[PDB]
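Participant: If you want the building blocks of each chain, they are given just below.
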Amino acid sequence: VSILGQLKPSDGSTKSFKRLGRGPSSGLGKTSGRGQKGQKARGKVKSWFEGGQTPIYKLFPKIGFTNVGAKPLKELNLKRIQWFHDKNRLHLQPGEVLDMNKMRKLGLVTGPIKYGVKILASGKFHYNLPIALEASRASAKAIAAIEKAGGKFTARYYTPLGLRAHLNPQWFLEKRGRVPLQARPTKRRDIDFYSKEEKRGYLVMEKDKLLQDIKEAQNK
Amino acid sequence: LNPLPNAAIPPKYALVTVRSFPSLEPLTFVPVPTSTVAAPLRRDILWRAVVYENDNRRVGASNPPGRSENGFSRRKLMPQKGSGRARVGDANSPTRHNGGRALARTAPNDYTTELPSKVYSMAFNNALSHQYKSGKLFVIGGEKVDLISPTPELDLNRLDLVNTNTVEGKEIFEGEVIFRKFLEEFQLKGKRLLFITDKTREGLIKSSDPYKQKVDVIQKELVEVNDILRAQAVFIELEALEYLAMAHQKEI
Amino acid sequence: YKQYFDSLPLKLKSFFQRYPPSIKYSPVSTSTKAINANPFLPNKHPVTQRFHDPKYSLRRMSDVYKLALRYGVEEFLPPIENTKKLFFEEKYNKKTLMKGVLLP
Amino acid sequence: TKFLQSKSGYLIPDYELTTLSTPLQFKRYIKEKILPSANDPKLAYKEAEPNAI
Amino acid sequence: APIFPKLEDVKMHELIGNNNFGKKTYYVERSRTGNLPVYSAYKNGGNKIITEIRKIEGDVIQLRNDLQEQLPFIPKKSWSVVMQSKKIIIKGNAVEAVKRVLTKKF
RNA sequence: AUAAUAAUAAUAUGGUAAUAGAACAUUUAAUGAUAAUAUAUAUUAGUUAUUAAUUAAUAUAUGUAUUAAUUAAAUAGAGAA
RNA sequence: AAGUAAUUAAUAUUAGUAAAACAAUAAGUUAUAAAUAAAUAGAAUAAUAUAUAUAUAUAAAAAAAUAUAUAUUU
RNA sequence: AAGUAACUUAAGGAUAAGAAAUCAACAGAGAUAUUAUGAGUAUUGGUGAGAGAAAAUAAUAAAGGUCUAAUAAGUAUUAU
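Residue numbers (the numbering used here), protein chains in the order written: chain A, 1 to 220; chain B, 221 to 472; chain C, 473 to 576; chain D, 577 to 629; chain E, 630 to 735.
Check the hints yourself; a few may be wrong.
[Said to hold, decoys possible] Within a straight-line C-alpha distance of at most 25 angstroms, the following computed SDA-like cross-link-like pairs (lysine to any residue) qualify:
{"#": "1", "chain 1": "B", "residue 1": "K401", "chain 2": "B", "residue 2": "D418"}
{"#": "2", "chain 1": "E", "residue 1": "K720", "chain 2": "E", "residue 2": "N664"}
{"#": "3", "chain 1": "A", "residue 1": "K79", "chain 2": "A", "residue 2": "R176"}
{"#": "4", "chain 1": "A", "residue 1": "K141", "chain 2": "A", "residue 2": "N101"}
{"#": "5", "chain 1": "B", "residue 1": "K232", "chain 2": "E", "residue 2": "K684"}
{"#": "6", "chain 1": "E", "residue 1": "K715", "chain 2": "E", "residue 2": "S669"}
{"#": "7", "chain 1": "A", "residue 1": "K74", "chain 2": "A", "residue 2": "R176"}
{"#": "8", "chain 1": "A", "residue 1": "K44", "chain 2": "B", "residue 2": "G309"}
{"#": "9", "chain 1": "E", "residue 1": "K715", "chain 2": "B", "residue 2": "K401"}
{"#": "10", "chain 1": "A", "residue 1": "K79", "chain 2": "A", "residue 2": "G150"}
{"#": "11", "chain 1": "A", "residue 1": "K175", "chain 2": "C", "residue 2": "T520"}
{"#": "12", "chain 1": "B", "residue 1": "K296", "chain 2": "A", "residue 2": "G43"}
{"#": "13", "chain 1": "A", "residue 1": "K8", "chain 2": "B", "residue 2": "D264"}
{"#": "14", "chain 1": "A", "residue 1": "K118", "chain 2": "A", "residue 2": "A165"}
{"#": "15", "chain 1": "B", "residue 1": "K411", "chain 2": "A", "residue 2": "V1"}
{"#": "16", "chain 1": "A", "residue 1": "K8", "chain 2": "B", "residue 2": "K232"}
{"#": "17", "chain 1": "C", "residue 1": "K556", "chain 2": "A", "residue 2": "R178"}
{"#": "18", "chain 1": "A", "residue 1": "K196", "chain 2": "A", "residue 2": "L210"}
{"#": "19", "chain 1": "A", "residue 1": "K71", "chain 2": "A", "residue 2": "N101"}
{"#": "20", "chain 1": "C", "residue 1": "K483", "chain 2": "C", "residue 2": "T520"}
{"#": "21", "chain 1": "E", "residue 1": "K635", "chain 2": "B", "residue 2": "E459"}
{"#": "22", "chain 1": "A", "residue 1": "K175", "chain 2": "A", "residue 2": "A165"}
{"#": "23", "chain 1": "B", "residue 1": "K232", "chain 2": "E", "residue 2": "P631"}
{"#": "24", "chain 1": "B", "residue 1": "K353", "chain 2": "E", "residue 2": "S669"}
{"#": "25", "chain 1": "C", "residue 1": "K563", "chain 2": "A", "residue 2": "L210"}
{"#": "26", "chain 1": "C", "residue 1": "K563", "chain 2": "A", "residue 2": "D208"}
[What the hints assert, rightly or not] Examples of chain D residues toward chain B, derived with CB under 8 angstroms:
{"#": "27", "residue": "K578"}
{"#": "28", "residue": "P589"}
{"#": "29", "residue": "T594"}
{"#": "30", "residue": "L596"}
{"#": "31", "residue": "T598"}
{"#": "32", "residue": "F602"}
{"#": "33", "residue": "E623"}
{"#": "34", "residue": "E625"}
In case anyone wonders, no lab produced these hints; they're calculated from the structure. Cβ coordinates follow ideal geometry from the N, Cα and C atoms, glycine included.
Can you build the whole structure from these sequences, using the hints too?
Facilitator: In structure tokens, the structure reads:
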């Protein structure tokens, strides 16, 4: 005979749903688990109600602001890149700076890189890779570990569109026959960050034109 | 000294015989991988696939009228007190005999459940493997592959009957007769059959139509787990089987 | 060559049909009655002395220009000098940074 | 195996073919499965009632 | 690259019913990314930790016995082999030890 | 190292509201032999630690079980208004 | 004649998959770091908290809390 | 609750919308519509109850751009 009339679920998968209002010996008899006679018996008191004491959520003071300008950043710890190399997963060539295009492509960080990647230092001891990295930013300790390894970090600015283009340049080419140009940092805070040598920002490390223009303006 | 003494490497290819259609004649072996055609028969996975498919299939046309849907007036039939009878509102109540249903379902009852794609693929493989084990998986081909024994003169390598549409002498036609002869030969007249084609074999389906109640001709894309398992013997094209394998292979 | 031209996107092809490259259209705003009147610029009507809006509104013009850039057919389109829009690499290079960027 | 099938009249399943590595093994299988059913038609395996005794 | 290889290149030992894989032997296939299928699992609301071992082909009982022999420090009781899916559950977070034991062969 | 049943010992096995576990009847869908020597239904008399099913006798239909069984769906069970 | 349906969120158990999953064109969601009102801060410089991470504070510390390191990542 | 019920009027096979004084952000995109995602997120609220986008990314979708106006003033705006 066909198997189709002898298939069961795996043991522990299914259950019988508790069926109310269906006789006394069932257990869930006349009252059907409701108790006896109150409001909840016939209706439902507000789930977050509290009788009269200030509804807790109101008792506590309101706290904080939602920094709309914030661009939360994902975290690719040094430990992970090491796991990829030892697993022979980080497939790079002499050079091929490990950017975010390669990063997500390789599968170290994956899912949704919306705003960028920060490189943190959770396996800085056993990190020994002389490859060059490039991300939104890195932790100071992580940077130091990279330097020790014989590597080279560069904090690179990416607007959300520019980041997207970096990650998936072929899509833009397919759509429009042209990948979009990478934007300059318009914001003051961004400019300041990438102008820091301590952060290994690209504007100082590559000696950018924007920074020079700003200096000229200041002079004049 | 020896850490895992009984470790070993599993077998990776099962031979399926490639046949000519009208008469199921062995032309070649073809080693299909063990994952497609000889997986361990996990019933739970198979069950999951079947139930999900059944749920997807659902029409869900149950439409009893609730007290709103039901078409009485909203008027109070007897005044609250001073009637000498029980309290009543409008005539639509579930409590009364002509009134609408309590907790009534409505139009388009959506019964669609979800399954992970990988699980579904595994189930598909599993069903195929079970069929192979049973001896109910007839792979028909020989066009692409290199043969051992040559194809017969009156058979052909694809899954189809010749000159089905031709009907000159009498109302009876040849493809139907051939099909009947085939059925007689392999002792599967009343048994459920499942012809998994690659491209639309119009002549084959015409031949089948007499035995439409038991024979189900399906494309490579539209074939289901249910269809495979219900079948008493599946007749799959080599190319179609390859395609299915490719579809439901675990990715690397 | 003809087949390659035909293979061009629709909007661009339509533009070429209705404003062909044999006519050297003006860089500056002109009379609306003129033959060399640029469809991207706002041309003045000679009687009323009112600036008519460009025959190709600004979005459409931009799209056309981007299409031309894609297929390398820029110079056959009439000039977009006096329309304020720049595009892509030229825009990037020629622009001055904002006062806020240079002088916070 | 094809020759054996042709002479026999019966079909040896694909899985079985894959498994059995010798002619002797094939013979043994045949003796086990097909032969008794051929001898006695009431003893044969029925599809609708697979757990018959 | 080809899903079904040609009849010539496939050896006899590669086929099913050869080399005796069913009788008292096993295999433990690595994941897609190429790691040992041994996982911590925090059941009953983080209260019950257990170590799960997946992707086992062949005789699971034998494999379990071999692992017990390798790791005598874990008790005999705490080795629940669920037969429907063929995976062997251990009570503690004994993942790393299991991995170490397996690595050498799988 | 498992299960099924059976052993010996001990401990427990009242119960409203309520929590948890496990079963059965009914109806539909998937798979599905069988046959008026049967099935379905009813009364009675039995048997099975027994809501149930089954034996027999009998009446009635029906040349027949969506039948046993596994799932999955329930408009799934009424001395309480 | 009466605990039901749709859209959510959470917990359990099982099954697949697994440092990935889902989905596969992309895009996204969840987890992969803890935080902090928030900012550019982020987990051993010689090993178990006597290390380090963030928050208060601060020259750096100590001090609260929470978190992180003991062949192979969770 | 809710611009919902209800009442009125009028038009067509549909109608409505539709070719940017739109979004955005120093990059850019290119009519409208419907759906998913963004996202119960920003925003908002006797800061209670509650209400809640857009960009962008995809689906759907058609030939989808196109002159008809001598270019638009009691209009832009503003105050209320």
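Participant: Now tell me, hint by hint, if it's right for this structure.
Facilitator: Here is what the structure says about each hint:
1. The straight-line distance between the Cα atoms of B:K401 and B:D418 is roughly 24 angstroms, inside the 25 angstroms bound, and the hint therefore holds.
2. Restraint check for E:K720 and E:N664: the C-alpha separation of about 22 angstroms stays at or below 25 angstroms, so the hint holds.
3. Between A:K79 and A:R176, the direct Cα distance comes to roughly 39 angstroms. Violation of the 25 angstroms bound is thereby established for this hinted pair.
4. A C-alpha spacing of about 24 angstroms is found between A:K141 and A:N101, which places the hinted pair at or below 25 angstroms, so the restraint holds.
5. Of the pairs offered as hints, the one joining B:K232 and E:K684 holds, with about 15 angstroms between alpha carbons and a cut-off of 25 angstroms not exceeded.
6. The suggested pairing of E:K715 with E:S669 holds, with an alpha-carbon distance near 17 angstroms, which does not exceed 25 angstroms.
7. A C-alpha spacing of about 29 angstroms is found between A:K74 and A:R176, which places the hinted pair above 25 angstroms, so the restraint is violated.
8. This hinted pair checks out: A:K44 and B:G309 have alpha carbons roughly 24 angstroms apart, not beyond 25 angstroms.
9. At roughly 46 angstroms between alpha-carbon atoms, E:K715 and B:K401 are farther apart than 25 angstroms, so this suggested pair is violated.
10. With a C-alpha separation of about 16 angstroms, the suggested pair A:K79 and A:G150 falls inside the 25 angstroms cut-off, and the hint holds.
11. Distance restraint check for A:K175 and C:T520: the Cα-Cα separation of roughly 44 angstroms exceeds the 25 angstroms cut-off, and the hinted pair is therefore not satisfied.
12. A distance of roughly 24 angstroms separates the Cα atoms of B:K296 and A:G43; the hinted pair therefore holds under the 25 angstroms criterion.
13. Between A:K8 and B:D264 the alpha-carbon distance is near 6 angstroms, which keeps this suggested pair within the 25 angstroms criterion.
14. Proposed proximity of A:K118 and A:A165 is supported: the alpha carbons are some 18 angstroms apart, at most 25 angstroms.
15. The straight-line distance between the Cα atoms of B:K411 and A:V1 is roughly 11 angstroms, inside the 25 angstroms bound, and the hint therefore holds.
16. Taking the CA atoms of A:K8 and B:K232, the gap is about 29 angstroms. The hint is violated against a cut of 25 angstroms.
17. With a C-alpha separation of about 22 angstroms, the suggested pair C:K556 and A:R178 falls inside the 25 angstroms cut-off, and the hint holds.
18. Distance hint between A:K196 and A:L210 is fulfilled; the C-alpha atoms sit about 14 angstroms from each other, no more than 25 angstroms.
19. Between A:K71 and A:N101 the CA atoms are separated by roughly 19 angstroms; this keeps the pair inside 25 angstroms, and the hint holds.
20. For a cut-off of 25 angstroms, the pair hint linking C:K483 to C:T520 is broken: about 32 angstroms separates their Cα positions.
21. Using a Cα cut-off of 25 angstroms, the hinted pair E:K635 and B:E459 holds, with the two alpha carbons roughly 14 angstroms apart.
22. For the hint pairing A:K175 with A:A165, the CA-to-CA distance comes to about 12 angstroms; that is within 25 angstroms, so the pair holds.
23. Of the pairs offered as hints, the one joining B:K232 and E:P631 holds, with about 14 angstroms between alpha carbons and a cut-off of 25 angstroms not exceeded.
24. The hinted pair formed by B:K353 and E:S669 fails the criterion: a straight-line CA distance of about 36 angstroms is larger than 25 angstroms.
25. Pair hint C:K563 plus A:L210 holds up; C-alpha atoms about 15 angstroms apart against a cutoff of 25 angstroms.
26. For a cut-off of 25 angstroms, the pair hint linking C:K563 to A:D208 stands: about 18 angstroms separates their Cα positions.
27. Interface hint at D:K578: satisfied, since its Cβ lies 4 angstroms from the closest Cβ of chain B, which is below the 8 angstroms cut-off.
28. A cut of 8 angstroms between beta carbons decides the hint on D:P589: the least distance to chain B is about 3 angstroms, and the hint holds.
29. The closest approach between the C-beta of D:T594 and any C-beta of chain B is roughly 5 angstroms, which is under the 8 angstroms cut-off, so the hint is satisfied.
30. Checking D:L596 against chain B: minimum C-beta separation of about 11 angstroms lies over 8 angstroms; hint violated.
31. At about 15 angstroms, the closest approach between the beta carbon of D:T598 and any beta carbon in chain B exceeds 8 angstroms, and the interface hint on this residue is violated.
32. Below 8 angstroms, beta-carbon pairs count as interface contacts, and D:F602 has none with chain B, the closest being about 14 angstroms; its hint is therefore violated.
33. With its C-beta approaching chain B no nearer than about 7 angstroms, D:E623 sits inside the 8 angstroms limit, and its interface hint holds.
34. The interface hint given for D:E625 is broken, as the beta carbon of that residue sits about 14 angstroms from the closest beta carbon of chain B, more than 8 angstroms.
Taken one by one, the earlier hints fail for this structure at numbers 3, 7, 9, 11, 16, 20, 24, 30, 31, 32, 34, listed in ascending order.
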